[PDB]
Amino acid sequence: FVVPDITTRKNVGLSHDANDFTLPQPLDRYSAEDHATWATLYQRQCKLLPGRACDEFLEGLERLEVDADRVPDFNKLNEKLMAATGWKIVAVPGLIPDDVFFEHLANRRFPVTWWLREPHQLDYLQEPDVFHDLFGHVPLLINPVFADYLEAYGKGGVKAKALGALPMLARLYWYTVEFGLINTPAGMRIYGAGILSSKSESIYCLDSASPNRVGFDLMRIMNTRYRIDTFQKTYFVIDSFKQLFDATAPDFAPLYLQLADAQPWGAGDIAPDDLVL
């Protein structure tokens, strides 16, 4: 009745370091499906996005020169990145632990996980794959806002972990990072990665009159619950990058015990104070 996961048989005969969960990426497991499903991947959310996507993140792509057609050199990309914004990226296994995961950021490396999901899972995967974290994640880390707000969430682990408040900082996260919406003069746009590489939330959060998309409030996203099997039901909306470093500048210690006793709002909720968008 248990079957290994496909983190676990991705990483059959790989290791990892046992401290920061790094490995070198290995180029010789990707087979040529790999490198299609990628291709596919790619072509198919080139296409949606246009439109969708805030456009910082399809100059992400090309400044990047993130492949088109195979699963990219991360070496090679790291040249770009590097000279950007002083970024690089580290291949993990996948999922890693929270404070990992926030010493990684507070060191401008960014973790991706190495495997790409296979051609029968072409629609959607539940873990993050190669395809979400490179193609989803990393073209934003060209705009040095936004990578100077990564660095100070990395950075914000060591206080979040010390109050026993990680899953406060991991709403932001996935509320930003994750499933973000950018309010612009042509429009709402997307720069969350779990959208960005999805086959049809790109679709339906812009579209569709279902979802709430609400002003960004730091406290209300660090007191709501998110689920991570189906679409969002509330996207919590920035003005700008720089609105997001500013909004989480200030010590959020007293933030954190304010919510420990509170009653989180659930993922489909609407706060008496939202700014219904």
Second form
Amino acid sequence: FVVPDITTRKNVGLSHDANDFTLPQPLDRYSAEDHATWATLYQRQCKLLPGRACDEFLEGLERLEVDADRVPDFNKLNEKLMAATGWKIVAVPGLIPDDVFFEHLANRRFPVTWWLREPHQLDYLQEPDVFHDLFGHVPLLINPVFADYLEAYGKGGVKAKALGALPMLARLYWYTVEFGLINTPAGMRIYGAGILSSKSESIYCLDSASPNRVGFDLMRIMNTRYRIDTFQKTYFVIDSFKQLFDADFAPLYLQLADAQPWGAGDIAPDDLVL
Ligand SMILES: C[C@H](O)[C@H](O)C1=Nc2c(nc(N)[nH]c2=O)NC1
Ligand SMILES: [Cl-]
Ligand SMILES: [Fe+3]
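Could you present the same protein in the form deposited with 7,8-dihydrobiopterin (HBI) bound, rather than the form solved without 7,8-dihydrobiopterin (HBI) shown above?
Below: every chain and molecule of the assembly, starting with the one above.
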């Protein structure tokens, strides 16, 4: 007998596709309380991100008109997202298998957990919810180079076979799409979704002496461990989304397969550090 997780409780009486894990967005299951939780999260993040989020993120939020006051209707959002970027969101019950995830990204589908966090649980979150996925991840698709990066990432994941590739690709996604920073002429800014949807990470990642801030390096990153239950110990910094995009992985998985991974707090001899 155990504490059910929120994914299980939210999805009772609900089905999902056996192959691709999608379902129609269950609009009737958001409460008044949920729409208030959404508005509170949205308003809080939008006061923190001036000076912090990269310009492209802020542009996406505006161009997509992500709702400020209610959990968005995914079909309505998709009208704008498809026209502007060629991508669509699909509702998923929560975390889905890695192979299923890659197949969606490879086909310009972004999986979004449909349910929302409960009020006393507005942060420290580990599992995605609809605020993290829709507010954190989706707006950055307005940058076509980042969108193409995500599609390419997915196609690479579909193709990956070598033992050890899945952790390597998870680390790459984590230190870019979830927790990446970008150097800009106006100063260091944020692009990672796990930062942008979090009050605490948004502040910490640009205002703390403890973590390392390391220039992006693909092979380094694929061989670096990460932690889920704490603030990050290293952030990787890109100079441009083109650098990310410009980054066949098959020989790379083999080069790194027997390698000892770097710890989440380590500095490697070839790193460039801030
Ligand atoms: C990307 C890496 O494989 C990571 O373990 C995954 N992230 C996600 C996932 N599933 C969902 N719904 N969202 C994610 O962000 N499964 C796979
Ligand atoms: Cl491979
Ligand atoms: Fe995420």
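Numbering follows the first chain given and starts at 1. Each form is matched to the other, and the largest set of C-alpha atoms that superpose within 1.5 Å is called the rigid core.
**Q** Taking the rigid core as reference, which of 80, 88, 161, 155 is displaced at the C-alpha by at least 2 Å between these two forms?
**A** Result of the superposition: 161 is the only one at 2 Å or more.
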